[PDB]
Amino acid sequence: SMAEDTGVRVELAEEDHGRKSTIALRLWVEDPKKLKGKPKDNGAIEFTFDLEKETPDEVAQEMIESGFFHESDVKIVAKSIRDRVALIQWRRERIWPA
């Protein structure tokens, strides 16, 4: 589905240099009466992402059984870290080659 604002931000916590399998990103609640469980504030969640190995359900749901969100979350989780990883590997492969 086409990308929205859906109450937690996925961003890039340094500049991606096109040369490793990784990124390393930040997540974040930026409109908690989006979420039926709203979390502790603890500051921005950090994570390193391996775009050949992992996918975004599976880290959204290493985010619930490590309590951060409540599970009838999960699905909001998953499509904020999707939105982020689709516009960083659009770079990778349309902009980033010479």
The other form holds:
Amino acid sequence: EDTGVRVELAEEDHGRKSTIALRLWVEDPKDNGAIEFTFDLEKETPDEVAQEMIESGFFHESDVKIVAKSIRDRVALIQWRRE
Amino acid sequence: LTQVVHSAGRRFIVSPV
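Based on the form deposited without its partner chain presented above, generate the structure block for the form solved in complex with its partner chain.
Up next: the whole complex, starting with the chain shown before.
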């Protein structure tokens, strides 16, 4: 299917960087802006960030698994393009 | 453009794009 939550790189992917800057926003919900944050690939979890975005007033409390996966897909997508 | 701090420390930057 599709999540409708776009997550993309914020800074040029340089490789061998344990932390990456990401940008998240929504285009299909099936503050209405773009959220920029850092993500540690070896330590932090997409579910952890998603909760924080919950406890920060971006999406609903039970909309956590959906945003967690949309971040997890981008983290996957950046490590597969990292071979 | 605003910065949003979660009570645990993570800083978000909110932008229009």
